[PDB]
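Take a look at this single chain in structure tokens; it is the form deposited without this ligand.
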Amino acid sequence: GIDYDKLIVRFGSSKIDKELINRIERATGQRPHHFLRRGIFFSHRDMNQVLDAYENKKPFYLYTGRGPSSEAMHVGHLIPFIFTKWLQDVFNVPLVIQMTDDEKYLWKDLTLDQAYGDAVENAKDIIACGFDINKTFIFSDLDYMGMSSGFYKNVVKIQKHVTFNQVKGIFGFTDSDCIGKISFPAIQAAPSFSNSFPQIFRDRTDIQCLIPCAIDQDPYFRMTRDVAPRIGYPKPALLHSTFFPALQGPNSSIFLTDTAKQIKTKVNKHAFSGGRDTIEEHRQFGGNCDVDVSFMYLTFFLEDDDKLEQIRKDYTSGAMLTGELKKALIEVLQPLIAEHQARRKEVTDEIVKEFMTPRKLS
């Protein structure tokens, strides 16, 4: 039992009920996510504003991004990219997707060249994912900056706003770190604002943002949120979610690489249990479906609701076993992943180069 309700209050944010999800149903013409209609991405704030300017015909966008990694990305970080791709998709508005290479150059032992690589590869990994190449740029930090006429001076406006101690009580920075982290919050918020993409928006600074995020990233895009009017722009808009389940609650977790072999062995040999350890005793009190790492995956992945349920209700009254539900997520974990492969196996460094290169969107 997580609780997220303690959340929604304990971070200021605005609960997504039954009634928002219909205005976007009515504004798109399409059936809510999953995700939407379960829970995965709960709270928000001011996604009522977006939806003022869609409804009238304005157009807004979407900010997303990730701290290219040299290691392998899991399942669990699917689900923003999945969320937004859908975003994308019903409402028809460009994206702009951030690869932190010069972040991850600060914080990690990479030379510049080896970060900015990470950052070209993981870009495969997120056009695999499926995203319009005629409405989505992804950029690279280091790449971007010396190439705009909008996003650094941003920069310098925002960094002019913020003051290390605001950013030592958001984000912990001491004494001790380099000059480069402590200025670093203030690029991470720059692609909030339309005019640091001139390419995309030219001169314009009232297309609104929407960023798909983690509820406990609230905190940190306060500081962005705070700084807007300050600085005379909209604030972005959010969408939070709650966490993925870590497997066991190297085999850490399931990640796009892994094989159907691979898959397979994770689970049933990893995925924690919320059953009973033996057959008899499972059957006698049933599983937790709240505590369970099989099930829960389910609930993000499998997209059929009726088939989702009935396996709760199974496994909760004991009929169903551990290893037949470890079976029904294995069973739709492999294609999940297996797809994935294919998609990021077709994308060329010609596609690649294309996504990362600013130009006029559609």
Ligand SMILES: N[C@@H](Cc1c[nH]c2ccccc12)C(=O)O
Given for the second form:
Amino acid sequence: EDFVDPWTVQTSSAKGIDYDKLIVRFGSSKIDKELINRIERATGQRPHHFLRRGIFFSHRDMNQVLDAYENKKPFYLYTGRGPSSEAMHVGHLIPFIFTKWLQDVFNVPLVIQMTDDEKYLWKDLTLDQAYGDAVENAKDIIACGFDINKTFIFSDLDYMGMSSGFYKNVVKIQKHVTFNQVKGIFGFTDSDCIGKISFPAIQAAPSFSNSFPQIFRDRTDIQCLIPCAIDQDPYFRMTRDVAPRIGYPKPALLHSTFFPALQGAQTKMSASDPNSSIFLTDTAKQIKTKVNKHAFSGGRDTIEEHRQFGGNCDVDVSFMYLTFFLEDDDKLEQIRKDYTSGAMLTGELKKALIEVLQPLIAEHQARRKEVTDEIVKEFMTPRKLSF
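So the form deposited without this ligand is up there; where is the form deposited with this ligand bound?
Just this one chain is shown here; partners and other molecules are left out.
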């Protein structure tokens, strides 16, 4: 019995979360082959590997989004981030990497939310500190290549006070969610502060277009698509239930699996936990070390046993990371084959990984460094977005 909620991914199996069980448990829908070819037919583009490889595996109302898109009816993307301190590891990238692709292939506007107020309520920092962390994380997000002409990155602490329609939708949503409702959904108790208790309303507000008057004037019927880590589904199950009751459309969803922590898929990568993560501000040596010194293996103890029994892929953190970052499907297969056959040793694998991580993480740093203050401020300026 795996446990998954907005603040905890914990399972006993080394193979990690049983996503098939998660889909059922949550009521979401499995993304099947049909849906994928259906996505390709609509974009005229080859499905991103996260879709091919089941990284993004679950959805909600996707066919309706496609049915609309295909019929010239526009949708907009909405995803977000809880601002961090120094953190921001590769795991935090998956959703954003996919969102950038979705933005390209479908050519649609996007709103990214920086829940600095959330952190302020959950962690121990000042609004300035929280807001700061956000404007900062903005760089890394921007560094993913989001089109500045179709992307609006905002901080709750800020935008809330400069929008004639966001707080208005928070009030609507709040009126339609009870303390009992969220007590169940998230697990809040009478002891939690009123601020945490009503925060869900805020993570839901972006699902409704008229929350962004300067981007959609006051249109209240524009489809919304939320790419995100399955652990965020709770907010939007709630959002989908509130939607009709206040006369707005339900946000569609594309769910992604968690990026396994270095010590094993028993949990997801996280800045809070020791050596479990590879940060976006990591030197090629640090990247190299962490992989050689912390990545859990599915390979046999000795070169001896490994040759006669090969390694196990269902648990090899290194092989898992490759499933996420090695583009070429042929190379990933060769490795899976050889590693399984014993033909390849764990270290030869750990090396293949580091060869793909270092350059990726390096490029990120390279693009991050090109993010000027003028730019950040632009992305973060309520303004009309293209399309």
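Whichever C-alpha set is largest while still superposing within 1.5 Å between the two forms counts as the rigid core. Positions refer to the first chain, counted from 1.
Conformational change between these two forms, one of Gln166, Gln217, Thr259, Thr265, C-alpha moving 2 Å or more after core fit = So the residue whose C-alpha moves 2 Å or more is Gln217.
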